[PDB]
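Pasting in a structure now, in structure tokens, and then I'll have a few things to ask.
Partial view: only certain chains, each at its native spot in the assembly.
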Amino acid sequence: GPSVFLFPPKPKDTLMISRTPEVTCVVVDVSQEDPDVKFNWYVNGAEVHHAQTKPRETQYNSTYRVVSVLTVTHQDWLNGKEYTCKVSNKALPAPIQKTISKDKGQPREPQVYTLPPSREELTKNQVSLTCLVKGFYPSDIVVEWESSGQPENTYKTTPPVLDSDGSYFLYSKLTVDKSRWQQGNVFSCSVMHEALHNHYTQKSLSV
Amino acid sequence: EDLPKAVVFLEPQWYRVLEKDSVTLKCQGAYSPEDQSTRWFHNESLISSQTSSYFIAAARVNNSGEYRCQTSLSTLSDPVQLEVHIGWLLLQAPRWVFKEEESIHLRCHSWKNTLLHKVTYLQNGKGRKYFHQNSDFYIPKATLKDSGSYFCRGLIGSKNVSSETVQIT
């Protein structure tokens, strides 16, 4: 039968309040006949129709890709209410269901450090800032860079890795022109996560 | 141009056949008017079976080539080609000459009639009709650019497997 892959809300979307988050439930691999499927979403067990859905997007395999949204309130998804997609199709003899919640457990504040450009890597073209986040959990983190007051371009991020004491860390790299750094400018590595000064912090650096 | 030319008919209606399928050839036009004769011709040779049908239960490579049939009459049947490919899936077809319009009937054939999940047929990389379980693709009236490569992909339990190019113009 068809298959469903309950995706979770983007961390940045559920961190703070700027964009209302969604718990996307995607049902892929369904034929041109026997499509038409309904969704009985459960938020611990209360349905509630208010679960808008996307149109019958066709994919390069005739396969109808039905998609569905469920706007979950910003203040809830962090409590851990288990959200449940339930799909029933003529192709599936039995309905299939998928539920996901907070990456469970308990967290840890990730106090962050900003390691500077290494001395010898300066007598070369452009140089590299580093921002080390260490000791936290879960993996619903976001790292961004800022200069003066506008977000910076040239930056990449290392994925989280499991440390010795059951925690994750990453090394956010930012390449900047040696001319634009040696002379002196202010660069701030900001990070958002569910266990900080109300979802946010940032640490600056210069010389 | 003398006697009516017999011809060769297939069982089933596919010629590209795999490495352990059953295939059965038979002949018409002809028929020994009282004591059924045969004289099947393999690659332009002879076989002893005397049956108006011809068995191949365990077909394998050495059973490909040209086959013909000449019963008592039957002039000389024009040749028919039989193909065998090793592998898992294939695109079994009746004809490969579809100009402007005729009937199209293709089968994404398995192996040892072991079922398939999530099989799809393809039009030069693009998909056209996806079914969940195994089944055949039928179309009447040609689409003037089915002229191109066809094949099929399927998932056997979990192993994902493809077939070979068949361009039909």
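Each chain carries a letter (A and B) given by its place in the written order, and its residues are counted from 1.
Heads up, the rule we're going with is that contacts are C-beta pairs under 8 Å (C-beta built on N, C-alpha and C of every residue); 3 or more make two chains touch, one makes a residue touch a chain.
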**Asked** Full complex composition, in terms of the labels displayed?
**Response** A x2, B x1
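By our rule, only the chains that are shown with their structure count from here on.
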**chain A to chain B touching residues, read off their complex** = 1-2, 29, 31-32, 59-63, 91
**Request:** Provide the residue numbers of chain B that touch chain A in the complex, in ascending order.
**Result:** 118, 120, 126-132
